[PDB]
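*Asks:* Take a look at the letters that make up each chain.
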Amino acid sequence: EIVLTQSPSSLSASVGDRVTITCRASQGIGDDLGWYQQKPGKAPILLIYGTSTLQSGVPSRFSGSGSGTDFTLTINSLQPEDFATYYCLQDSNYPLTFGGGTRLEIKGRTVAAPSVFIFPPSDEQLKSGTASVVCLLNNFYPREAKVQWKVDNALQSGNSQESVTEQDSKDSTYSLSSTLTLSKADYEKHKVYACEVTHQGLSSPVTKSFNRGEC
Amino acid sequence: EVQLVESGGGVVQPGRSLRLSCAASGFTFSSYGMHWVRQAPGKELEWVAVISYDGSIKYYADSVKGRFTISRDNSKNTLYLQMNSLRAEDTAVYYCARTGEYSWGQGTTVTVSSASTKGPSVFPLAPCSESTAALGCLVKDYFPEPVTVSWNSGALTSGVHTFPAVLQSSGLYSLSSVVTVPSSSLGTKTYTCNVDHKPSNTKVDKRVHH
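Protein sequence lines, in the order shown, are assigned to chains C and W. Under our numbering, the first residue of the first sequence carries the number 1, and numbering increases by one thereafter. Under our numbering, the first residue of the second sequence carries the number 1, and numbering increases by one thereafter.
Just chain C, with the same shape it has in the complex:
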């Protein structure tokens, strides 16, 4: 198959900015490369069919460029309706190929540090023989953040699952959740449960922690 490498992964722009996204074809695909727009929970919208041939129903804001291996989607005068994830596609030969995707983020007006909270396991869940420690990072920007679980100063890994909301469209922020999951037996062997967060908005890494019995 032919690999379509899309650059970059994520990308921040403002309403009005002129922005362009690159798709590269591992070998020649000719003029037969198109561009799609997908918003969360929606179906992909056909922006462009092949190279620069714009399609009915799409504003002239959009433009295709390139030919051969290198191609580019360019959007003039960004509007709030165009913030989505964009995928390049080629139907030159089978199998059909898609790019890694470029998510078009709202360029955050300014840097916002997360509000960090830590939730101990509930007693009733401790009944069930399991324990879920939750760490919440609230309304931060940019999206890049690092959450590290510590259990009696021991750095955890492979132990937790992370979840991110879609970018809030009022304040352009994100929220993040990190769940650490132990058994009751495991959870009762240790005392201090800590969540350490590194983010651009925080000059130093913030640690929110609790100890067993405290709650």
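Keep in mind the hints are simulated off the structure, nothing from the lab.
Interface residues of chain W toward chain C, partial, derived using beta-carbon atoms under 10 Å:
hint, residue
1, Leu-45
2, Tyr-59
3, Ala-61
4, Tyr-95
5, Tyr-102
6, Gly-105
7, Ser-129
8, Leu-138
9, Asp-141
10, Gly-159
11, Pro-164
12, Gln-168
Under the rule of at most 27 Å between Cα atoms (straight-line distance), these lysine-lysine pairs were calculated in the DSS-like manner:
hint, chain 1, residue 1, chain 2, residue 2
13, C, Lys-39, W, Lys-198
14, W, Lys-206, C, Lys-208
15, W, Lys-189, C, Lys-170
16, C, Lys-208, W, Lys-189
17, C, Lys-184, W, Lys-206
18, C, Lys-208, C, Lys-189
19, C, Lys-127, W, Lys-198
20, C, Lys-191, C, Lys-127
21, W, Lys-198, C, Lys-42
22, C, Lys-146, C, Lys-39
23, W, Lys-43, C, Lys-146
24, C, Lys-184, W, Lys-118
25, C, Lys-42, W, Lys-43
26, C, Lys-107, C, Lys-42
27, C, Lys-127, W, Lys-118
28, C, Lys-127, W, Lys-206
29, C, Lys-107, W, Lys-43
30, W, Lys-43, W, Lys-58
31, W, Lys-189, W, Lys-206
32, C, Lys-208, C, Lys-184
33, C, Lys-127, C, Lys-184
34, C, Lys-127, W, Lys-203
35, C, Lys-39, W, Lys-43
36, C, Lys-127, C, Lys-208
37, C, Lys-150, C, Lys-189
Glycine included, every Cβ here is placed at the ideal spot set by N, Cα and C.
Use these hints to put chain W onto chain C, whose structure you have.
*Replies:* Just chain W, lined up with the frame of chain C:
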């Protein structure tokens, strides 16, 4: 307007079979050619199958060949995809595509897994002991998707964050729903989360105490 409506997806066990249908409308179905595509949770889209206008030439992907078979009934305006020996990798939402020498449908979701229908357990997320305070509910150990969460019967939407569910190693789903409120409000306003899981007909309201 040209359109395609997929159906036939659902929750299925591994090794079992399932056939999707795609009702085509608004265009000459017998003349145009059709494609199958799929998107896994979070990943990019992936092509899987292609058929000609008459059903002559057919080509799949490597991960699907020998198990997936494409067809079309030109009299009923329908494109078919029979998927046999389904594997966890096949879990995705499958879209129906037209081609020109394009237009994509809503897609139907196929979830392959050995887990059974199970309602969630709801647990309070309350902090241990600042201007803003946080509460929530943990909706854990449920399948299949989805579950819906509201706060105080929908009256409390400001400051609410219901995270996308994650799939746990047990094959069950889990999510959290949190709300951040002014720290003074605690003690006179009440905060209860409402959890709905239609597949198991599970409806639970839990009031979270700080």
